[PDB]
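Trainee: Here's the letter readout for the chains.
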Amino acid sequence: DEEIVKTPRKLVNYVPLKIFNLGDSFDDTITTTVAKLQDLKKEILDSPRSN
Amino acid sequence: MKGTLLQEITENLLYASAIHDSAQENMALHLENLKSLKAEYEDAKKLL
Numbered sequence: 105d106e107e108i109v110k111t112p113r114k115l116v117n118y119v120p121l122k123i124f125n126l127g128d129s130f131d132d133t134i135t136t137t138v139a140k141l142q143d144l145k146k147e148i149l150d151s152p153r154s155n
Numbered sequence: 244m245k246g247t248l249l250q251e252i253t254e255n256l257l258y259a260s261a262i263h264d265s266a267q268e269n270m271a272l273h274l275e276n277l278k279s280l281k282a283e284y285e286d287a288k289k290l291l
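Note that the protein sequences, when read in sequence, are chains A and B.
The opening residue of the first sequence carries number 105 in UniProt numbering; numbering runs sequentially from there.
The opening residue of the second sequence carries number 244 in UniProt numbering; numbering runs sequentially from there.
The set of hints was computed from the structure by calculation and includes no laboratory data.
For each residue, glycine too, the CB sits at the ideal point set by N, CA and C.
No incorrect hints appear here.
Now the in silico label distances, taken between C-beta atoms and shown as ranges:
1. B:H273 x A:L141: 30 to 40 angstroms
2. A:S151 x B:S260: 32 to 42 angstroms
3. B:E268 x A:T136: 47 to 57 angstroms
4. A:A139 x B:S260: 50 to 60 angstroms
5. B:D264 x A:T136: 53 to 63 angstroms
6. B:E275 x A:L144: 29 to 39 angstroms
7. A:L144 x B:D264: 36 to 46 angstroms
Sequences are here, hints too, so could you generate the full structure?
Mentor: In structure tokens, the structure reads:
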């Protein structure tokens, strides 16, 4: 193990952090714009096309 | 015909008729282009 004993630690030493928990990779904002465009194009499909 | 002011009437009439004929031909061409655009945008709608 490390050194001879357990490493010293602060009496609180919380440090929550954990902003991201796995996942990451694909961004959410780009696909959010994608989903907005999806509902927009569905609304367009509701509007008449051709004829 | 000029003194009785009938020549200007015929001149205007023939000019308007020529404009009408040319516009009708261009209208047929526009119909063809509009149907072509209809087909292209229908293909785009299939892609959609």
